[PDB]
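Undergrad: So you can see what is in the structure, the chains are spelled out below.
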Amino acid sequence: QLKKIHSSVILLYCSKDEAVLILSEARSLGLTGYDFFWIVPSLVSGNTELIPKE
Amino acid sequence: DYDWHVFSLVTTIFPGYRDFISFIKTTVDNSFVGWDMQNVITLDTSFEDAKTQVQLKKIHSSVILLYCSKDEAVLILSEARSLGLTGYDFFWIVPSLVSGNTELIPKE
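Line by line, the protein sequences are chains A and B. Residue 1 is where the first sequence starts when you use the working numbering, and the numbers rise one by one after that. Residue 55 is where the second sequence starts when you use the working numbering, and the numbers rise one by one after that.
Please note: incorrect hints may appear among the correct ones.
Derived EDC-like pairs: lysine to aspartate or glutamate, alpha-carbon spacing no greater than 20 Å straight-line [stated by the list, open to error]:
| no. | chain 1 | residue 1 | chain 2 | residue 2 |
| --- | --- | --- | --- | --- |
| 1 | A | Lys3 | B | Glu157 |
| 2 | B | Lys124 | B | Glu157 |
| 3 | A | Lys3 | B | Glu102 |
| 4 | A | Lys4 | A | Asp17 |
| 5 | A | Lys3 | A | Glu18 |
| 6 | A | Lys4 | B | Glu102 |
| 7 | B | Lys112 | B | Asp143 |
| 8 | B | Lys105 | A | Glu49 |
| 9 | B | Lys112 | B | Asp90 |
| 10 | B | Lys112 | B | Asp125 |
| 11 | A | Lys4 | B | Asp143 |
| 12 | A | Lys4 | B | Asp103 |
| 13 | A | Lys16 | A | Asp35 |
| 14 | A | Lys4 | B | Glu133 |
| 15 | B | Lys111 | A | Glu25 |
| 16 | B | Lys105 | A | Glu18 |
| 17 | A | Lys4 | A | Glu49 |
| 18 | A | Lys16 | A | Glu49 |
| 19 | B | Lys112 | A | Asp35 |
| 20 | B | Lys79 | B | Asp103 |
| 21 | A | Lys3 | A | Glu49 |
| 22 | B | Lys111 | A | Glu18 |
| 23 | B | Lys112 | B | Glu102 |
| 24 | B | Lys79 | B | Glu102 |
| 25 | A | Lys3 | B | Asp103 |
If you want a taste of the chain B side facing chain A, the calculated C-beta under 8 Å gives, among others [as the list claims (entries may be wrong)]:
| no. | residue |
| --- | --- |
| 26 | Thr99 |
| 27 | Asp103 |
| 28 | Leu137 |
| 29 | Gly141 |
Don't read these hints as lab results, they were simulated from the structure. Ideal Cβ placement from N, Cα and C applies to all residues, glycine included.
My request is simple: use the sequences and hints to build the entire structure.
TA: Written as structure tokens, this is what we have:
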């Protein structure tokens, strides 16, 4: 499923814990270059003091 | 002879790949048919999926020439099948290096 994406903008909808894992997988599949822009709602960017390094 | 004039070129770091690439380039440069050799790809890493995946996404043609040992050919073909590069349209051409003893035919 994930290997089909070669677009630029990728909207995401999941909780913070699952978002961490999905972003790790996307980095492992070469989905986080200079060209890919990720947009997330206010669910995943929750408290602005807990910033996971993924 | 089958009118496949658009192709790519995938070679690993197996010995002789430079000779292969140089000969193909010189032959293409001195022909009447007008070959459109889109890419020249060398998968030098360990199939880390950070670079090989992007490299294999670059390919969009229908005819692909491959040059690697029979052990690396299995891995590359499995990766291409997962990416969606194997179907009714795409045609793969490999030298006698990879299709070796005809009794042993892997599953990939």
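Undergrad: All hints, please: hold or fail.
TA: Do the hints match the structure? See the list:
Between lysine 3 of chain A and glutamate 157 of chain B, the direct Cα distance comes to roughly 34 Å. Violation of the 20 Å bound is thereby established for this hinted pair. At most 20 Å may separate the alpha-carbon atoms for a hinted pair to count; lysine 124 of chain B and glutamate 157 of chain B meet this at roughly 14 Å. Annotation: proposed proximity of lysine 3 of chain A to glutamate 102 of chain B holds, straight-line Cα distance about 14 Å (limit 20 Å). For the given pair, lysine 4 of chain A sits about 24 Å from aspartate 17 of chain A by alpha-carbon distance, which is inconsistent with the 20 Å threshold.
Annotation: proposed proximity of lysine 3 of chain A to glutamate 18 of chain A holds, straight-line Cα distance about 18 Å (limit 20 Å). For the hint linking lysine 4 of chain A to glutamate 102 of chain B, the alpha-carbon distance of about 18 Å falls within 20 Å, and the restraint holds. The straight-line distance between the Cα atoms of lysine 112 of chain B and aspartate 143 of chain B is roughly 17 Å, inside the 20 Å bound, and the hint therefore holds. For the proposed pair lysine 105 of chain B and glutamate 49 of chain A, the alpha carbon gap of about 33 Å is over 20 Å, so the pair is violated.
Restraint check for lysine 112 of chain B and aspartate 90 of chain B: satisfied, since their Cα atoms lie roughly 15 Å apart, inside the 20 Å limit. For the suggested pair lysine 112 of chain B and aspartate 125 of chain B, the alpha carbons sit about 23 Å apart, so the restraint of at most 20 Å is broken. Of the pairs offered as hints, the one joining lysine 4 of chain A and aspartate 143 of chain B holds, with about 18 Å between alpha carbons and a cut-off of 20 Å not exceeded. Proximity of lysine 4 of chain A to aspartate 103 of chain B is assessed by CA-CA distance (about 14 Å); at most 20 Å being required, the pair is judged to hold.
Distance restraint check for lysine 16 of chain A and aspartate 35 of chain A: the Cα-Cα separation of roughly 23 Å exceeds the 20 Å cut-off, and the hinted pair is therefore not satisfied. As the CA atoms of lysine 4 of chain A and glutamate 133 of chain B are separated by approximately 13 Å, the hinted pair is consistent with the 20 Å bound. A C-alpha spacing of about 17 Å is found between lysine 111 of chain B and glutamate 25 of chain A, which places the hinted pair at or below 20 Å, so the restraint holds. The straight-line distance between the Cα atoms of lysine 105 of chain B and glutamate 18 of chain A is roughly 25 Å, outside the 20 Å bound, and the hint therefore fails.
As the CA atoms of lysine 4 of chain A and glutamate 49 of chain A are separated by approximately 34 Å, the hinted pair breaks the 20 Å bound. In summary, the hint linking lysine 16 of chain A to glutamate 49 of chain A is supported, as the alpha carbons are separated by about 13 Å, within the 20 Å threshold. Straight-line distance between C-alpha atoms of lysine 112 of chain B and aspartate 35 of chain A comes to about 15 Å, which keeps the hinted pair within the 20 Å bound. Pair hint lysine 79 of chain B plus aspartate 103 of chain B does not hold up; C-alpha atoms about 28 Å apart against a cutoff of 20 Å.
Restraint check for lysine 3 of chain A and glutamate 49 of chain A: the C-alpha separation of about 32 Å exceeds 20 Å, so the hint is violated. This hinted pair does not check out: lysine 111 of chain B and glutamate 18 of chain A have alpha carbons roughly 27 Å apart, beyond 20 Å. With a CA separation close to 16 Å, the supplied pair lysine 112 of chain B and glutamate 102 of chain B stays within the 20 Å bound. For the given pair, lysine 79 of chain B sits about 29 Å from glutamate 102 of chain B by alpha-carbon distance, which is inconsistent with the 20 Å threshold.
At roughly 11 Å between alpha-carbon atoms, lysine 3 of chain A and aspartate 103 of chain B fall within 20 Å of each other, so this suggested pair holds. Violation of the interface hint for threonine 99 of chain B is found here, the shortest Cβ-Cβ separation to chain A being roughly 12 Å, above the 8 Å cut-off. Interface restraint check for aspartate 103 of chain B: the shortest CB-CB distance to chain A comes to about 6 Å, inside 8 Å, so the restraint holds. Annotation: interface hint on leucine 137 of chain B holds; nearest CB of chain A at approximately 6 Å, less than 8 Å.
A least Cβ separation of about 14 Å between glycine 141 of chain B and chain A goes past the 8 Å threshold, and the interface hint is therefore violated.
Violation of the numbered hints given earlier is confined to hints 1, 4, 8, 10, 13, 16, 17, 20, 21, 22, 24, 26 and 29; the remaining hints are satisfied by the structure.
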